[PDB]
Amino acid sequence: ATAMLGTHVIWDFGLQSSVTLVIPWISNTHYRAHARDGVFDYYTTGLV
Amino acid sequence: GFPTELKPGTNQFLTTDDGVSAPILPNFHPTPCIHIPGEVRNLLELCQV
Amino acid sequence: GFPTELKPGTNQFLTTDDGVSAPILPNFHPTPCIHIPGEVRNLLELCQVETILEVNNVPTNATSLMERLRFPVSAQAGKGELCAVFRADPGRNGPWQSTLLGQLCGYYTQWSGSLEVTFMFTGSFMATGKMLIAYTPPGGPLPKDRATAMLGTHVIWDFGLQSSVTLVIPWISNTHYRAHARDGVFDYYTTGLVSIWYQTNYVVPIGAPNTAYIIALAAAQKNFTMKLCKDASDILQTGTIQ
Amino acid sequence: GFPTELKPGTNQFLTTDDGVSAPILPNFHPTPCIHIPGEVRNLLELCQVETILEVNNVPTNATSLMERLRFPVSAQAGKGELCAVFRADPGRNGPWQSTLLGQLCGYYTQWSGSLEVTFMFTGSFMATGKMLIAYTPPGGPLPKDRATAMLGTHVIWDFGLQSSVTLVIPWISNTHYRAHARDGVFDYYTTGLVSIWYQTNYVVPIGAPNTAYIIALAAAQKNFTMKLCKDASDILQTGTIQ
Amino acid sequence: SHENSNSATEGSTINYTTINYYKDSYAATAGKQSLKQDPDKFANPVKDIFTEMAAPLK
Amino acid sequence: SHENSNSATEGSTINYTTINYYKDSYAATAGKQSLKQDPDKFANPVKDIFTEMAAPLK
Amino acid sequence: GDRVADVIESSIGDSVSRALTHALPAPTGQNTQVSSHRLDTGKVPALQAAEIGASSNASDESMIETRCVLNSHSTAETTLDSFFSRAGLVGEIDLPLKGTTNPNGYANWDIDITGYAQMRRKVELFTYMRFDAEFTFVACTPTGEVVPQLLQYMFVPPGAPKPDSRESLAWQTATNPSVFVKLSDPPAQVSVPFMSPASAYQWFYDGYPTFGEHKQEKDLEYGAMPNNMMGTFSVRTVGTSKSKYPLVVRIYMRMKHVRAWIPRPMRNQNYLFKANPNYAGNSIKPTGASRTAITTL
Amino acid sequence: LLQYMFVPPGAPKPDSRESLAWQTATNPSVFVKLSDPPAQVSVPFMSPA
Amino acid sequence: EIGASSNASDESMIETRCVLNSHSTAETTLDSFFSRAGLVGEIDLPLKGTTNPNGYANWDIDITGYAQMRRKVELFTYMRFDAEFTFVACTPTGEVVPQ
Amino acid sequence: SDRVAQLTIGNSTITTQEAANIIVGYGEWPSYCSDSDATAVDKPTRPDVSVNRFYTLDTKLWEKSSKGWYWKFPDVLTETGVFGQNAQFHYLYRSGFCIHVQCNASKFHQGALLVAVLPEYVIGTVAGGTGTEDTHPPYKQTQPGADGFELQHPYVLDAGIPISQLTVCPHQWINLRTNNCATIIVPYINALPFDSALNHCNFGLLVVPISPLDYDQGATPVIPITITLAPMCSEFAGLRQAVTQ
Ligand SMILES: CCCCCCCCCCCCC/C=C\[C@H](O)[C@H](N)CO
Ligand SMILES: CCCCCCCCCCCCC/C=C\[C@H](O)[C@H](N)CO
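Chains as they are written, first to last, in the deposited numbering: chain A, 147 to 194; chain B, 1 to 49; chain C, 1 to 242; chain D, 1 to 242; chain E, 12 to 69; chain F, 12 to 69; chain G, 1 to 297; chain H, 150 to 198; chain I, 51 to 149; chain J, 10 to 254.
Worth flagging that the hints you see were computed from the coordinates, not collected in a lab.
Heads up, the beta-carbon is just placed ideally off N, CA and C, and yes, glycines get one too.
There could be a bad hint or two in this list.
Unchecked claim - Derived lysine-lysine pairs resembling DSSO-like cross-links, with alpha carbons at most 27 Å apart:
1. G:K215 - D:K144
2. J:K69 - J:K149
3. J:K116 - C:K130
4. C:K222 - G:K43
5. F:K58 - C:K222
Stated by the list, open to error - Pulled from the structure, derived: some chain E residues nowhere near chain I, Cβ distances all over 10 Å:
6. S16
7. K34
8. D49
Take the sequences, apply the hints, and build the full model.
Written out as structure tokens, the structure reads:
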């Protein structure tokens, strides 16, 4: 229920074996540096 | 109230009086009339047979 | 005083008389009418919407009423066995009473038109089968076998991606309108019978149910009309409604 | 005798029937109408004139009735304290009954429109202050504090040369018209609440009263209309008037 | 019709539309009034009119 | 006539033909309605309409 | 002023209701066209897919070989006004002498047409309805007798004072509409407009009339629609002393200038209470007649 | 005071002076007194033929 | 203090949408409000009584005897109009007699 | 090309490879309230994408003995996401809905659900069985919330009306051998241009098995039915503090 409030796709299995999840660029800054634990977690993209 | 005055005859039921009286079935359309042979229009037609 | 003479009818209150009568609230303007979806203009609009036909009108205990909404089919012995039957009379007691068509029909004395019953197969996707559905016009008694049934108006249904099939019950009457048919002389206005037979068989592979259900939906065709507005046969009240 | 037929209604006396009836004085010409100032044409004209709203409807002893005409304000403790509250329902029992608007409102079953209440400060010229006045649309209960009250429609009044300020109570309703609201299911037609809070404080220098009064005047906006003419709830008569 | 002008509202600044069957117009029906209003007469009878946007006293 | 437009069906997409003797139109008779119908609203409210001849699902 | 693209190309605010269907004139039943045999692949009118939610489009012409039939059968009698503009009983009021109910010479009837099943069932076929109405009041003694008695009927809108005695001051009727008529006179009859604050009366309101906690005590108010509460209808014998005869008043309503929206399943269980769809749980009966077997008549 | 009601075939027939059928919500009924002149109405051609 | 009502409109106190108001103002016209018959006089003609046992009665035309009506008219100081009078007679029980 | 479909609105996209077209209730699309139908004068808030998106609120398990369930709108969403919030701070609300009921199985399972929308779905009680008691349904039964509520007497829709005639309401069927979802689009239905999202439920959604679920021993027996819906053309007015009921 919580997960659903975010950007999502509902995949139905069928002849089309695959489905694409787009992870849209949603950032405060124009570029992100590589994110890693610590302050650089600022540049994190998010979760799937 | 538009002024009227009732005259003799009022309320009588004359069996041969050809008048208008309220329709019980509004917007009712009768079954259509197909062709039927032998329609008579006047009794005199029969008085000649 | 302008001379008038009163005629018979004077003072009567005819419930269907369309007249003029004094307005109690002078200069009163009603609340305006905003847009509301789903406006209906004529009851015939509703008579064309399929509602469920309770072909299986046998169970009566509260807990089994949902079962009247569908009838079954299953693997057979290949003898062109009979699956189900019912009278096509829409304004008669029986299966049609479950349909809105039959219900609205009760508010009119006469009707005229073709009818249609669409059957939807709800078995598994692996189940196949061919059924023979037949409308038997007035005069022909309940077909004793599929060979007899076949001489009437019929449709041969093949199960496939199209889950459903439509049986048209064409208007075949001597009179232009039919009054509601019921046992007795009014059986004159009967529409006829519908019979469902196994054309081949209900075949299924290993792993699929041997019994499946069919749901029947019914409505009227576009040549359908009703006449002579009357009160319905049912009055849903026992004592006073409080 | 011209053939007629009498219909239901015949002989009834409908008090609101707008008909013709025989003139008792033939050829009588009335005294001419000279000019008279102040002619009113529509009751709505009067519904736009502010009359005093008895917000302070608590005192009931004869000698204190004049006190209901005004409520007070005085120096506080700076906690955004509550000064007064009342229901915005114009045709409901309460403060509005003192206004002509509320009175005329009683002769109609339904109404629709925005309302306005103008508050006039009658303190000394040296007194200052800022008040927060808020209209709380239906559904929101009486604001427990000024922070809650503030989320609704509001006006922040600053005392100055302009003695008064106007609070508009905009027409915010689900229905196009409201019937008179009263406890029970008709609370459905309630308009909402008005709350008055200290935005800052009533400040005054040495030598000026620490308490002053506010007078509230109320009327209707120009989108205001009334519908369904009815008799008022009050009948100012005990026995026979002799 | 061709009747007497004895109605209480003869010479009124509003046009009424009524029905009658007698030579005297006061016998006529109430009819339909004209829909004009003049609130200002009562709500704003000031000599020097002020604007909404302005400060009433200046 | 010249009456009030207070009938419940004022501003309706169908033309009625009625009789009346009062200034208020709701006093008028039921009259004759217009004979239009729109079954599809209920019988066929699908977005992408399919033909009779076609197979509903493809 | 707008500038960012998404704002310009936004459809936020479109107040036009895109409609997928439209009404067509249909004064008569449809005609039947000639048809001949068809032996084709690909063309399959008989097969449908009910899951879609639409009714079968298969016509007679495509399922059997039809002749031509010019159908002139009228569709006029099934219009809303034809169906509803027929007066029916909606209220009954008793004014007895020595009684338990109204021995005080007057009565107040809260206008509610759901007290009688015939009428109720018809209207409940729709969810929303807008119309004007003609009311007819038929009065007589309990034996169906006519007596020289004078009555007063008064429409008491919500908010107006309700008479509490045969001598209430309310009977002055200075602003309410009242009808004075004798039993000897033909039945009184009047026209009433569409009085709801809503654009339409609604036989079904799935909600509560007020905000708050909806505890057990206030559950009697579930489905209470003030917009349908038009007021009271009060009657009284016109006098200071009690009337010499016991009376009964039957109220008949004939709808006219009718409009309806949102058709629904028709009631199939006996009614038990006014404005409330409660049904006897122990006597839940199937909609119609039943039989012993599906393969027999 | 009497009530006359037209009961088309299929409509419920009153079985008592108090039958619910007398509600006459859809059937046409005429309420008239013996003291009134005779009731009179028009009926259409109703056969299916 | 000026003596005029507030000219402040909704549009200037809050952000408003557009609303096309077609609500009629017809029912609040003087005739709509007043042209509704109401009780103004009651006259008793008893047999054996203290008041009119002589078979007749004189009623000085004054509509201020009944509150409902009186209160409405007194909303104005001056009034000019025509009037329709209706006389409803019966016995004290509301009975009709051949008199 | 009718069996396959994609619904994208807000930041949510739904797919299906076994659809059966789309129903547009009463043949009409959700629209915003016009300046002539409107009555309230305050300028409304139309949050767009933050509330007109797909919320996936519930999952029920279909069993060989299930009776059926119903949910009330907009009751189901009043406590969810940005939509729930607006429904709380505002008195007035109006909107349409796009409903997507999901249920897949296998080519060896069978059964058919009826998915319909019933405007003004007033619930009734069994009146003490005998019918002598005037009982009324509790708040939790009239506005079951997101968990919905199971029908006690599906045949009469717990309201004295034949489920057999329910097809007269916008609907679709999920007949496993054919499709795996129903999609119904609903416009605002009311006699007022706006109303309380709290006190009034414009319509109820019903999901009832008419042809029972069945399959042989060995096939997956857990057959969920999931409810997903998206408000459309959401409008709000009459702002104040938040209120939950
Ligand atoms: C001279 C007085 C005549 C009495 C006038 C009666 C006017 C009544 C208006 C008709 C209103 C239609 C019925 C409305 C709602 C239903 O009866 C129930 N309340 C539904 O719960
Ligand atoms: C056939 C005779 C009918 C009786 C005719 C009565 C005509 C009366 C004219 C109406 C006058 C309006 C009332 C005038 C004044 C008030 O009642 C009081 N006097 C005010 O103090």
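Going back to the hint list, which numbers does this structure go against?
Every hint satisfied by this model.
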